[PDB]
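S.K.: Here is what each chain is made of, one letter per residue.
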Amino acid sequence: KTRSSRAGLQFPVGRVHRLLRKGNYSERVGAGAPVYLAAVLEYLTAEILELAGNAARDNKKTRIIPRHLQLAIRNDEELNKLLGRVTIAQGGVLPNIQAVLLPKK
Amino acid sequence: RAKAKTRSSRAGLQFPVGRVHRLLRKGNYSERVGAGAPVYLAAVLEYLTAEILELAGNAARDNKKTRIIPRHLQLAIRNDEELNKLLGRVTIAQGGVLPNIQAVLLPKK
Amino acid sequence: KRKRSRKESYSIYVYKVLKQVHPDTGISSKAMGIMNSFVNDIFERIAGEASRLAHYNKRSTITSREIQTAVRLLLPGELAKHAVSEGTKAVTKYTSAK
Amino acid sequence: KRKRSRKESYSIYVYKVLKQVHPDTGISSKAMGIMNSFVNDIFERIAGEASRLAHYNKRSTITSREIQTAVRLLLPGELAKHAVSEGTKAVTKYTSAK
Amino acid sequence: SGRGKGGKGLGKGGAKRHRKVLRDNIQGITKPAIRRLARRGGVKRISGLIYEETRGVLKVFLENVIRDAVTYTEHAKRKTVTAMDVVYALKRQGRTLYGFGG
Amino acid sequence: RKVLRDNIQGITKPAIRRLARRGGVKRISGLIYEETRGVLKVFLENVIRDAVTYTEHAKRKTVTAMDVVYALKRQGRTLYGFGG
Amino acid sequence: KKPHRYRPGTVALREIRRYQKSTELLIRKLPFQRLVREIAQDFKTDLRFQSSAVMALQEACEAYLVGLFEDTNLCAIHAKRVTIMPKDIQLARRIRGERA
Amino acid sequence: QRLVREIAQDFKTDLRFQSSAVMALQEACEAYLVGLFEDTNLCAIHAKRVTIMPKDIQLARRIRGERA
Ligand SMILES: [Ca+2]
Ligand SMILES: [Ca+2]
Ligand SMILES: [Ca+2]
Ligand SMILES: [Ca+2]
Ligand SMILES: [Ca+2]
Ligand SMILES: [Cl-]
Ligand SMILES: [Cl-]
Ligand SMILES: [Cl-]
Ligand SMILES: [Cl-]
Ligand SMILES: [K+]
Numbered sequence: 015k016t017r018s019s020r021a022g023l024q025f026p027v028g029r030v031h032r033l034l035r036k037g038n039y040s041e042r043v044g045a046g047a048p049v050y051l052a053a054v055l056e057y058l059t060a061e062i063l064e065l066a067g068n069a070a071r072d073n074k075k076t077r078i079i080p081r082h083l084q085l086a087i088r089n090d091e092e093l094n095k096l097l098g099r100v101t102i103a104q105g106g107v108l109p110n111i112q113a114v115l116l117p118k119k
Numbered sequence: 011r012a013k014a015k016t017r018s019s020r021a022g023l024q025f026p027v028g029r030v031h032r033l034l035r036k037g038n039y040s041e042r043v044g045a046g047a048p049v050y051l052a053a054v055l056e057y058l059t060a061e062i063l064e065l066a067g068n069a070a071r072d073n074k075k076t077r078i079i080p081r082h083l084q085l086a087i088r089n090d091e092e093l094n095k096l097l098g099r100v101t102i103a104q105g106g107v108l109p110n111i112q113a114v115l116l117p118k119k
Numbered sequence: 028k029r030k031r032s033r034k035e036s037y038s039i040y041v042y043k044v045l046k047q048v049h050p051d052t053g054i055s056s057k058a059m060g061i062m063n064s065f066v067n068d069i070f071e072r073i074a075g076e077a078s079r080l081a082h083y084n085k086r087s088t089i090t091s092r093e094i095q096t097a098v099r100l101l102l103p104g105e106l107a108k109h110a111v112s113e114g115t116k117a118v119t120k121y122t123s124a125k
Numbered sequence: 028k029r030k031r032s033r034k035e036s037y038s039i040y041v042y043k044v045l046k047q048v049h050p051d052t053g054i055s056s057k058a059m060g061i062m063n064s065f066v067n068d069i070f071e072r073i074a075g076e077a078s079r080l081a082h083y084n085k086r087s088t089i090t091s092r093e094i095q096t097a098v099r100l101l102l103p104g105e106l107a108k109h110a111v112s113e114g115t116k117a118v119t120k121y122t123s124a125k
Numbered sequence: 001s002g003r004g005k006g007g008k009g010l011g012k013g014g015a016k017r018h019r020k021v022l023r024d025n026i027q028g029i030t031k032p033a034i035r036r037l038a039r040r041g042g043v044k045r046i047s048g049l050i051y052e053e054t055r056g057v058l059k060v061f062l063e064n065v066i067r068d069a070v071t072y073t074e075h076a077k078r079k080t081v082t083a084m085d086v087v088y089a090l091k092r093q094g095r096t097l098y099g100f101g102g
Numbered sequence: 019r020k021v022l023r024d025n026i027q028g029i030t031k032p033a034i035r036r037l038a039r040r041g042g043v044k045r046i047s048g049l050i051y052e053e054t055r056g057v058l059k060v061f062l063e064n065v066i067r068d069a070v071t072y073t074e075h076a077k078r079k080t081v082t083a084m085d086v087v088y089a090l091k092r093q094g095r096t097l098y099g100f101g102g
Numbered sequence: 036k037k038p039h040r041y042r043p044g045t046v047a048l049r050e051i052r053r054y055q056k057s058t059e060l061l062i063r064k065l066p067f068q069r070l071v072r073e074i075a076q077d078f079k080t081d082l083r084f085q086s087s088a089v090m091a092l093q094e095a096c097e098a099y100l101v102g103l104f105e106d107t108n109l110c111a112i113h114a115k116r117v118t119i120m121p122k123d124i125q126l127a128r129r130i131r132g133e134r135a
Numbered sequence: 068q069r070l071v072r073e074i075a076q077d078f079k080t081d082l083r084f085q086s087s088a089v090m091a092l093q094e095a096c097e098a099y100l101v102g103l104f105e106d107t108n109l110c111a112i113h114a115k116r117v118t119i120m121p122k123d124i125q126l127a128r129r130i131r132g133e134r135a
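Chains Q, M, N, R, P, L, O and K supply the protein sequences, listed in that same order. Take PDB author numbering: the final residue in the first sequence is number 119, and no numbers are missing along the way. Take PDB author numbering: the final residue in the second sequence is number 119, and no numbers are missing along the way. Take PDB author numbering: the final residue in the third sequence is number 125, and no numbers are missing along the way. Take PDB author numbering: the final residue in the fourth sequence is number 125, and no numbers are missing along the way. Take PDB author numbering: the final residue in the fifth sequence is number 102, and no numbers are missing along the way. Take PDB author numbering: the final residue in the sixth sequence is number 102, and no numbers are missing along the way. Take PDB author numbering: the final residue in the seventh sequence is number 135, and no numbers are missing along the way. Take PDB author numbering: the final residue in the eighth sequence is number 135, and no numbers are missing along the way.
Hint data in this document are derived by calculation from the structure and do not stem from the laboratory. Cβ atoms here follow ideal geometry from the backbone N, Cα and C, with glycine treated the same way. Accuracy of the hints is not assured; some may be wrong.
Okay, derived cross-link-like pairs now, DSSO-like style, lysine-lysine, Cα gap no bigger than 27 angstroms in a straight line [unchecked claim]:
hint: 1; chain 1: O; residue 1: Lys115; chain 2: P; residue 2: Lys31
hint: 2; chain 1: R; residue 1: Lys108; chain 2: P; residue 2: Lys79
hint: 3; chain 1: L; residue 1: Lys59; chain 2: N; residue 2: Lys85
hint: 4; chain 1: O; residue 1: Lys122; chain 2: Q; residue 2: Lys95
hint: 5; chain 1: R; residue 1: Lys120; chain 2: P; residue 2: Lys5
hint: 6; chain 1: L; residue 1: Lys59; chain 2: M; residue 2: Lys36
hint: 7; chain 1: P; residue 1: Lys59; chain 2: R; residue 2: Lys120
hint: 8; chain 1: P; residue 1: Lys20; chain 2: P; residue 2: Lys59
hint: 9; chain 1: O; residue 1: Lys64; chain 2: M; residue 2: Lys118
hint: 10; chain 1: N; residue 1: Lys34; chain 2: P; residue 2: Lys91
hint: 11; chain 1: O; residue 1: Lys36; chain 2: P; residue 2: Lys79
hint: 12; chain 1: N; residue 1: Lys34; chain 2: P; residue 2: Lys77
hint: 13; chain 1: L; residue 1: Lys59; chain 2: M; residue 2: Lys95
hint: 14; chain 1: R; residue 1: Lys30; chain 2: L; residue 2: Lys77
hint: 15; chain 1: P; residue 1: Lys5; chain 2: R; residue 2: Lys108
hint: 16; chain 1: N; residue 1: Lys108; chain 2: M; residue 2: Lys95
Residues on chain L that point at chain N, a partial pick, calculated with CB under 10 angstroms [stated by the list, open to error]:
hint: 17; residue: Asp24
hint: 18; residue: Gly28
hint: 19; residue: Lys77
Each pair of labels, with its calculated beta carbon distance range [as the list claims (entries may be wrong)]:
hint: 20; chain 1: L; residue 1: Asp24; chain 2: R; residue 2: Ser38; range: 39 to 49 angstroms
hint: 21; chain 1: N; residue 1: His109; chain 2: M; residue 2: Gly98; range: 18 to 28 angstroms
hint: 22; chain 1: L; residue 1: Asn64; chain 2: M; residue 2: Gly28; range: 30 to 40 angstroms
Okay, chain Q solo, but in the shape it has when bound:
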């Protein structure tokens, strides 16, 4: 047994629980709270890695680099919104040229 194992989780329920208590959020921390929080961090971490891993596959690369994260996040309407005010070091920007700037055809 481990709290993570009992909750079905890769993320560390115990660590998260300690961070809430010591992190000056509340006097007391209920036993569900770090389980719920770890599960959500794990869910969001999984979504990004799934998408970034596909971006890597599509570039014939076995390793995720910051660009694979940037492409995953910026081409996902909801992730892009969650991280609209976040800069990803070495991520670059999505290819995008205003129509009026392209030549006529």
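Given chain Q, work out where chains M, N, R, P, L, O and K with the ligands should sit, using these hints.
M.R.: Quick look at chains M, N, R, P, L, O and K with the ligands alone, frame taken from chain Q:
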């Protein structure tokens, strides 16, 4: 025993050092609160309040009014480079805006 | 009946500061509401930044030092100087008046 | 020697989730650095909102219900639905396991 | 069939607990009122396309603030939206409001 | 020299062109390189002032990546990949 | 002489001075209150509102639109027009990060 | 780097920098400028131009609430 005087009075302050010390303890900011922190913070809130009331009062005098209203606070704040910055992202209920008309929109004399 | 539940506010302190600054000037109920929002706002900001400063530096205690740094980060130039001046006076006076 | 502090990080758990979703793909150190920034950001957002929820409602305890309300406020529509779903599932499974 | 097994929380399926259950009121944001708001904003001339475009924006502004207000309401187990629910909602949206509490 | 005691000139016209290119900009007024330099400098002033305030508070003589990450967060320009 | 007739723009300027001088709410209160209640139904049925809650919402709404009209106006003038248009508002909301 | 050290001097003398501190500042600046250019370009196109000009940068920063 006693002949007690408030921490406010000892620090030469109008703002409640004791109330400020209790809000820091119960506000979930740190495990412990040093004895200087609420004196300092109470001082800063007093200074800033004095500054807004000085400039609101001038706006109230300027409108031939004895009582400060939301509009006086707004004029005071929006016409002061530094207060406008401190409260750049703050809406003052019943404050309105500053009289400002873009030059290009004025008729040609 | 019951006497209405206690609602703390800063309004006696705002009135006392107003009487130093403009002795012949008063304040509408709404105006005072705005003053109350203001004080609580800047409390939150300074206190929260101070919370972080201690946290970043592995310290359990918010001291007058954390407040001061918080004020330097949060208040514009001239406002920050006065504030730091008034806080430092008030601590110094407090400490010597034990 | 034997300094370098001992600095905690989520990177073993990031790798662990990565091997579930993509068992043959790895991850650069900068990319891991961004994943670690990401977890600390969202942790701080959720916990901060949860801290406020309990404070607004005069409660001493952040429970799974504060986390759940924090998540609804913080995550966009579809992301929030799934995040609530996973958190609810994990709590349910963890209580049923004692 | 519908869609969903458990909708006991929503409370939807509500009528004749006295009159209630609303109309189509966005049109009550009149062209004159929109012109008044644009006047306070220093606007001198207004395309006719502005009025419907503004109602769109006002609606999205209100959906976002109210969704978060009512979230504060539901969390506090209340049936009444308080001013503080709105003030917490607006602070979240980075639209901090003075003079209704906090 | 003037460039060493006005290092802002080391941000070259080519470097500002490359930045505007990444921002999808096609054609550039000659007046933009000076205007960009003014803007860049305000940005760094604001970020470095806050970063160095964290440095002084910690009683250090060395600005760390974290001082910069905390300053960038404060200014609403949260940065991932330097110890978030 | 004719019956008096102000040129197009003059009354507009007058209104600008009038409303920039005052702080009263410029959306009629009851229509706004219905609108609020109507939108709230999409999130939860049979909700009550404190009147100060509905007032807080209206202060926040009008302040937001007056501000967006300031930004919309700048975008019109940037394009050497005096007439605000949907694409003015849209640019203002895009650069504000309110909209993708 | 020289620009960073120069600007730091105005706030405190004899400051050292972690190399990652300077790299984090460069990452942040370039991201900020690239993004300001995206917004500057839109303002240029809004005025039926293809050429970004200082007033484009000024309007972008005014609406962003970076400048009064
Ligand atoms: Ca699973
Ligand atoms: Ca999955
Ligand atoms: Ca998704
Ligand atoms: Ca005086
Ligand atoms: Ca969505
Ligand atoms: Cl202390
Ligand atoms: Cl719990
Ligand atoms: Cl249009
Ligand atoms: Cl120009
Ligand atoms: K806290």
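S.K.: Each hint should be assessed against the structure and marked as holding or not.
M.R.: Hints versus structure:
no.	hint	verdict
1	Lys115/O with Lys31/P	holds (25 angstroms)
2	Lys108/R with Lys79/P	holds (23 angstroms)
3	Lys59/L with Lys85/N	violated (32 angstroms)
4	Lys122/O with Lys95/Q	holds (22 angstroms)
5	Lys120/R with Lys5/P	holds (21 angstroms)
6	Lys59/L with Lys36/M	violated (41 angstroms)
7	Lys59/P with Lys120/R	violated (40 angstroms)
8	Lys20/P with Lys59/P	holds (21 angstroms)
9	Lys64/O with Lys118/M	violated (38 angstroms)
10	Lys34/N with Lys91/P	holds (21 angstroms)
11	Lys36/O with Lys79/P	violated (64 angstroms)
12	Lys34/N with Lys77/P	holds (22 angstroms)
13	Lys59/L with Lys95/M	holds (19 angstroms)
14	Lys30/R with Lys77/L	holds (21 angstroms)
15	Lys5/P with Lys108/R	holds (17 angstroms)
16	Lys108/N with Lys95/M	holds (16 angstroms)
17	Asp24	violated (24 angstroms)
18	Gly28	violated (28 angstroms)
19	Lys77	holds (9 angstroms)
20	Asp24/L with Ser38/R: 39 to 49 angstroms	holds (43 angstroms)
21	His109/N with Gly98/M: 18 to 28 angstroms	holds (19 angstroms)
22	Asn64/L with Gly28/M: 30 to 40 angstroms	holds (36 angstroms)
Consistency with the previously given hints fails for numbers 3, 6, 7, 9, 11, 17 and 18, ordered from lowest to highest.
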